[PDB]
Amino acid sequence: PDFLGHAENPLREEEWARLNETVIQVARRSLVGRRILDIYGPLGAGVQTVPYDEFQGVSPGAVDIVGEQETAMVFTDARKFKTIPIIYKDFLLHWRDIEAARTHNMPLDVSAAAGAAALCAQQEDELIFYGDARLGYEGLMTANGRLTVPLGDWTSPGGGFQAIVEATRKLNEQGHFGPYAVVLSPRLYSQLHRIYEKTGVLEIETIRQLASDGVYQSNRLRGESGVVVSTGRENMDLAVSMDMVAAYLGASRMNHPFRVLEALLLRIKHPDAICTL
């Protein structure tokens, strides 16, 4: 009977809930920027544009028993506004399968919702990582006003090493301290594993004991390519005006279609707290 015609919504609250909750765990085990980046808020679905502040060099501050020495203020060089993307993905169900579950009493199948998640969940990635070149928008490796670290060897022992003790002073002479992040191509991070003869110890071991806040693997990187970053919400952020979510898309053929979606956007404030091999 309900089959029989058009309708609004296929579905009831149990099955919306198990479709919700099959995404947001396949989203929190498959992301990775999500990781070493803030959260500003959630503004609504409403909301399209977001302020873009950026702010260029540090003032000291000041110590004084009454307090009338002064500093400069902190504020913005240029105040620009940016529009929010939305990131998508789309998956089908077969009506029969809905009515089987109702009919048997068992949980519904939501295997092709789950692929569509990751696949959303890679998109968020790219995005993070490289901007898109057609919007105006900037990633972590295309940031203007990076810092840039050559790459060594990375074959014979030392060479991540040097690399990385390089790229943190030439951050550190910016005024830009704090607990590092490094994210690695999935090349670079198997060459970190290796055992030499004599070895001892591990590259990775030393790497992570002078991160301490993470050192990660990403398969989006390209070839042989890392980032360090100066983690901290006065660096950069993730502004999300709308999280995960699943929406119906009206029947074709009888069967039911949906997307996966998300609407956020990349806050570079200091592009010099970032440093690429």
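Numbering follows the first chain given and starts at 1. We call the rigid core the largest set of C-alpha positions that still match within 1.5 Å between the two forms. First, how it differs from the form deposited in another entry.
Relative to the superposed core, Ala112 undergoes a Cα shift smaller than 2 Å between the two forms.
In a rigid-core overlay of the protein, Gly41 has its C-alpha displaced by under 2 Å between the two forms.
After superposition on the rigid core, the Cα atom of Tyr88 is displaced by less than 2 Å between the two forms.
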Given for the second form:
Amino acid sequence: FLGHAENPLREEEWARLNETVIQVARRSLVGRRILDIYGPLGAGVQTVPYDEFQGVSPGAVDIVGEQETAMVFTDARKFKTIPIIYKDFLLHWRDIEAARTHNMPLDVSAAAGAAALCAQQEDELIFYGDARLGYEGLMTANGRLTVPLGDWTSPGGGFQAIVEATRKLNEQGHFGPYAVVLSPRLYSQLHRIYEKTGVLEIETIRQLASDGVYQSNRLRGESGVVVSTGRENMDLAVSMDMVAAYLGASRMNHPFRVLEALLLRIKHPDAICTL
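Mind sharing the form deposited in another entry? What's above is the form deposited in one PDB entry.
Shown below: the chain alone.
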């Protein structure tokens, strides 16, 4: 459980600390803007149903329904575990005493530092799996339908590359409101001089992808992805949301810790493309 008893800070400092962590998180995240979340289940949940795999079954229309339109899965369900992410947070024992009878404001810079590191860990998890827990991620799924790019420092080669990627998405019979996430050097080089056919390439790419091109430092140097943002293709599961809890009563100070439990579910590994 959290603190809120036998703890140093009083209510106002709690509110300020929580506001700081929320604000820096909300600025930092570039993954939770592309995947709608499965609502807050609760603290105790540790497993979520992970729907198995894919099909290309189309709905049918007739005069009287006998097509039987079977949304069918017969293998298993293979639930998965909900991990935890955190980072340490320590202040001092003297500074609070100052904030009792001294310069009143209490600096909480460590909160911004810790929450920023935690959110970077988020976006590293969603964009990449890890061997130890054997999870999955956008650039590390299986059957991603990739396509080379290799044509930049060009007027607009990235445009034809993303068009090829979208066409490959369409050939698999999967399309909709697209979205794009890209790496630093690419996101700048594409933000370059207009394509001699209008304006900066970003505007063309946004009128194409139609759900915003976004930036992520945590992604590798020279890769990028496109998805079909619609639910039932990707999802995000939350047990509890980013919050800060008192940890313990170490040597004399008061270290805290920030928590959140997340998991992405790539239900349909057909909404992917990479290098």
